[PDB]
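Heads up, the chain below is alone and in the form deposited in one PDB entry; it's given as structure tokens.
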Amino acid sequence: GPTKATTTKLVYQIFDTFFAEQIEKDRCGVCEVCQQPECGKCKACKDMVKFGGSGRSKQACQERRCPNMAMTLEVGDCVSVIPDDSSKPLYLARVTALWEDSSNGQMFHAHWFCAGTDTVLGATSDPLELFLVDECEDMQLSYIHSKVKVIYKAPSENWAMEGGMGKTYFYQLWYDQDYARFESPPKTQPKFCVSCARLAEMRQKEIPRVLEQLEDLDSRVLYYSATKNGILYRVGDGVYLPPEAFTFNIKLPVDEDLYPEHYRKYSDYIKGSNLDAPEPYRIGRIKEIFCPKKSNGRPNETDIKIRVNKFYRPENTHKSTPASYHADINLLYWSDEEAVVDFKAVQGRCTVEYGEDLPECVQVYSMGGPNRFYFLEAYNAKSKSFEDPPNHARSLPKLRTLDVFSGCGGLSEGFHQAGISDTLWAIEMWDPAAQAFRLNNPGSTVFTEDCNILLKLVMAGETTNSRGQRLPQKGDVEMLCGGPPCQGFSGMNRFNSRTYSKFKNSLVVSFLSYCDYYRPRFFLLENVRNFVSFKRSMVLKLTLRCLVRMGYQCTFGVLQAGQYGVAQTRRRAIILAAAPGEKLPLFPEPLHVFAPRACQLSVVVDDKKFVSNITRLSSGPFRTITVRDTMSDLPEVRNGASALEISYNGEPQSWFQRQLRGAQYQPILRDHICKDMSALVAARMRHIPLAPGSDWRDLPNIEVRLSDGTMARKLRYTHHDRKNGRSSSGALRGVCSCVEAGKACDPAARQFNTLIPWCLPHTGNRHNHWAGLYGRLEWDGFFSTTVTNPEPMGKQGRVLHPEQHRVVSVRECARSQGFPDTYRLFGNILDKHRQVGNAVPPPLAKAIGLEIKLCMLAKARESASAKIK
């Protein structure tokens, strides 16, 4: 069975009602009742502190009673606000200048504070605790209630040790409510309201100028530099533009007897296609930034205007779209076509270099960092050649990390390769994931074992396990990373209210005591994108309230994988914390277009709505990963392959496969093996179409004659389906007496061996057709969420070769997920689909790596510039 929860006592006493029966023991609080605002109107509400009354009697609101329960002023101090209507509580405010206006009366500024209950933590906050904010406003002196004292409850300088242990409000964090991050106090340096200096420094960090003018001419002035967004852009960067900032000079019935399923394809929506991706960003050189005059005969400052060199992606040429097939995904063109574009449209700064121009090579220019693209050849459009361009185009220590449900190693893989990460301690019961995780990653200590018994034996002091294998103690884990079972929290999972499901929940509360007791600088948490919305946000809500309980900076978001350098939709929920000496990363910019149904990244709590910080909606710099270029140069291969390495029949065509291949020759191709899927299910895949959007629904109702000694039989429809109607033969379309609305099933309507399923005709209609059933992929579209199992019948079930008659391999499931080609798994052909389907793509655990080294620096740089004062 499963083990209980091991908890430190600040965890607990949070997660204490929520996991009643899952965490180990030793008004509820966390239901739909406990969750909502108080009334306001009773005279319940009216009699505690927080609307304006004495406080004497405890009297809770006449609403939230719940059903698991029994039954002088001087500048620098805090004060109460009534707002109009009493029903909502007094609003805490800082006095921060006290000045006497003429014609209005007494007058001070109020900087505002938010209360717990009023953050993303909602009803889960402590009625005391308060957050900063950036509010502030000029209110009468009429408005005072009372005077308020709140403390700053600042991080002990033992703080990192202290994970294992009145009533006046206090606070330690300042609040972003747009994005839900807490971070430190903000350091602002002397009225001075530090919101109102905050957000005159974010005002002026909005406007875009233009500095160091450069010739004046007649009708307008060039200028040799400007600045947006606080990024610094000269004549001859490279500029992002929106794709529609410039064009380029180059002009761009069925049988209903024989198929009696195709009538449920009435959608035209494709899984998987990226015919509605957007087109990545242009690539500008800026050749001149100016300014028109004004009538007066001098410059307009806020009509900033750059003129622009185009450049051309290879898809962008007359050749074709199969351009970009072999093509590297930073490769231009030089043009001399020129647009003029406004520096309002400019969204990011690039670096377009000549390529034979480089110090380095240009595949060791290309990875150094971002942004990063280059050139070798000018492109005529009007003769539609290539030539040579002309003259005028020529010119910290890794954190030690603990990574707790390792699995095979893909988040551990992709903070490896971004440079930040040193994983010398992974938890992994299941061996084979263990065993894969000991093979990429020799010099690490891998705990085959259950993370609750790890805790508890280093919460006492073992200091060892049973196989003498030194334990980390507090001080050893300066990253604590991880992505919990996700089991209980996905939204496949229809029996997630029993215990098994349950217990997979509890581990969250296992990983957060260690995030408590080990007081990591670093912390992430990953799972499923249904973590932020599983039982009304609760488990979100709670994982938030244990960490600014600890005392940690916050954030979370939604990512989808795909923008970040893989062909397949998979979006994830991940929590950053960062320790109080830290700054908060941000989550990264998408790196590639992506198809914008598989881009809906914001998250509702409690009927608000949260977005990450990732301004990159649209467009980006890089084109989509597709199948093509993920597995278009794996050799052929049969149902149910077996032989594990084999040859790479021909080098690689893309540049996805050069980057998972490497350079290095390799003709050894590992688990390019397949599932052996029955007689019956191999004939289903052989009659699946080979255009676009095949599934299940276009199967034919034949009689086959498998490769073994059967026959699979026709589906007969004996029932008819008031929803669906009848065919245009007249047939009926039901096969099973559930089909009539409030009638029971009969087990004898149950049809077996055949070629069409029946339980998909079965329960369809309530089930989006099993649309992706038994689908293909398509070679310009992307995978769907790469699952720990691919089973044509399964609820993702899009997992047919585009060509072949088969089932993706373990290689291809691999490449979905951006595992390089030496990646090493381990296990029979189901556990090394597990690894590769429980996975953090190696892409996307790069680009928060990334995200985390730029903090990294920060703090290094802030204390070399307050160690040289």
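Note that the rigid core is defined as the largest set of C-alphas that superpose within 1.5 Å between two forms. Residue numbers count along the first chain shown, from 1. First, how it differs from the form deposited in another entry.
Here the rigid core is superposed between these two forms, and of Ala245, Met492, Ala418, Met107 the C-alpha of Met107 is the only one to shift by 2 Å or more.
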Contents of the next structure:
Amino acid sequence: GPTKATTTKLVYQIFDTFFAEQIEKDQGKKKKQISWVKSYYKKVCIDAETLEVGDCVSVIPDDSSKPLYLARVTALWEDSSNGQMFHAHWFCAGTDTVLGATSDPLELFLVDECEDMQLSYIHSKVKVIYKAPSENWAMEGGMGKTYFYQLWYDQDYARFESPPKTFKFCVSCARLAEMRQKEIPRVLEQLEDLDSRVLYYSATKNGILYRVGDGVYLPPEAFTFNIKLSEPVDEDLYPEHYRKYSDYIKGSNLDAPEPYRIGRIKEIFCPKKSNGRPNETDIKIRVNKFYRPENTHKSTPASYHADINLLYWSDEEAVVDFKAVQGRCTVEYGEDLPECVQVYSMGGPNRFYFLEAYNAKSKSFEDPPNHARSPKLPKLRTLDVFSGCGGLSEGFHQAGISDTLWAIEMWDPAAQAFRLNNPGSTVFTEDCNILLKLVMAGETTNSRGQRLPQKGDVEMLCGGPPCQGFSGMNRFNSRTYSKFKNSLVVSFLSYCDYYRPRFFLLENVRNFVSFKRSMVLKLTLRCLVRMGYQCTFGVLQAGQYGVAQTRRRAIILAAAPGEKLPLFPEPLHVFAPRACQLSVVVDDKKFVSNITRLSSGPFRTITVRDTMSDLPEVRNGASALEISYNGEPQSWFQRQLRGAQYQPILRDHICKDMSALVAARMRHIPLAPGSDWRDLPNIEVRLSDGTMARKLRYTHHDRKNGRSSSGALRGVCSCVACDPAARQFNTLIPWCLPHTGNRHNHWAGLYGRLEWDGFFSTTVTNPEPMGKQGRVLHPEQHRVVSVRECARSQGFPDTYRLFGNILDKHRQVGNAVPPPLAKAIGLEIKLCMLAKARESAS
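Here we have the form deposited in one PDB entry; I need the corresponding form deposited in another entry.
Lone chain follows.
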């Protein structure tokens, strides 16, 4: 019996209906509808009432889909031909945003939608008040029908942000004009005038300044290098091989896009027009190419041991239109920098280095020529709710922004792992509801003599509520267990409301944005905007930020009104197109995050080979904890995880002890990519212990699948439900997968083998072959993926201690957030705090 969630009155008032039993109280044309007081500006007008500037009015739409429109008058000028004009800056009602019907009917939002309009279209004068956060907004934990507005709404990305504090002065007009000037690339600093073109030293695009000698990303189609590029099985032996007709290899990186084409700008020129003057509309850049290691004559096999940010210089140049440039990088000579390249790589984002030049004609490496050489903030005190082993906390710690001073996790192994990993934090082993109810009163000491965090002592509240009820792998979500699992979101929001931290982060599975027609996400956003927070939501792919594993996780961010709402991080590593589906459809509206890198990215994809090609071979049912490395790291991922320190001890290289039948099943699965249970031979086998494996028998005709070529049947039960003795044990082929494969996508990926060039599927708590996520066997060895292999799939450093038995270690590793993803989010928050500090300084 889980304990009910304790909530403040504020949070309970919104979640009252959904979790009723789980919480205990604690534009188009318009219709015309008339006197005065180049362009003459006057303060007031008389439409039977004294309309002025700064007060909001209403506009009646012709269509009946929207009841009425609300606008704000910004200026009142007179036009001769048009008539009496005024500039209307529109409002978005609460029932049209992402909040849906959840928002109260008296909530309005600012938007960047404005236009000129005639005075006859005004229907009535409506009072709208700017509700603002109080001076004690940080200390409001736990507490007439006119329209009020408090937040500004970005429709494309579904963002809420505090109103921007900045003669017909319209904020929307200025912002849109800034956008128009942002999109157009503009050129400056004339250098030399030539007969057929003009030379320019610098240029500007989207607020980024490009100069002769910088680095530029280009799309994979921008140019190309000079190097030239590039049976019916027996139905008796494999009765279930006919199910491999989809011809879609799971976890394949073959179709992944290529990374960005890096280059160095050599000159900027414009072609002279027919009038003898430069054309500032088309800008043509000449760029020296940079060979990636997989672009040389040595193909991808050259990108197994090489650094992620390594390139080769070349003397081949190309011409590309300026609009194709997709960013800026710092491609600097490796030995030019006084510091080592290892520190330089982490010195800043978007940094590449080259050390040797490449010649395509002779396919040889030379010394790059002479001209190619080219000669604080205090960390936020953090409370982390529902931590576990502390993936998010570790990511933020290595991002350099946070400092986890408290934790909430009752499960003993996870709590002790958190204790071991963060020696300076106080971890509570209790229920979140009990601790919150205790801290409502000034208890300031729990039963174990630990100090609870007081109001004003928490600055960053981060965590992820249990996602076992939200996930799609959960067939029982209407039971009490799943409901009480879902109800912890309300407890998390209660902590957020009570403490009022500067930043609030809620992580969950992707299905969180679609559970019960996205009712939970909508309710969370409504609570966040009712608190007074600036909240945004999105879906991030874990595999695009450094890990070798597909994991789409929903992130909800919020910041205090004085703060700035962080932008979602930009992808760094390319990933398979079928995996990067980050759009969110809520109430038939499609929201996409501010992420612009949708196709490609700077760095290349991380594969399984880069993850676990250095771990020594281990046998099934391993139990040794401290083993020794048999070799140095053999990739960038392993070199980064292990570190430059001399540690020859490997921990947590253990695999679950599978029985004899499961070992025999995982022994007969071939090593070819895309292999799973479907091609298991149907032959009698002798297990490790002395016991016989029967042959699976098909006694019932399969109507939907028909009969095989040999005439044998395909059904295994009376389902087309189960008679007694229909189940058959001790068979190499499992019985359940043939029994119910027709209505479950033929159980693709069960007993599956990872491929070296592929990627991990979404890691779960228990890596068992027969689970819904079943692609767990090693690419070569006949065993399940070890604990260390799983932790590397999640990007955990090899020096990240885990506590408990093997099942508890697997649960800790599979329940966490990949530290690369948390590091990216922390870097975005670092940018936000740096901007706020810079604004505060001057």
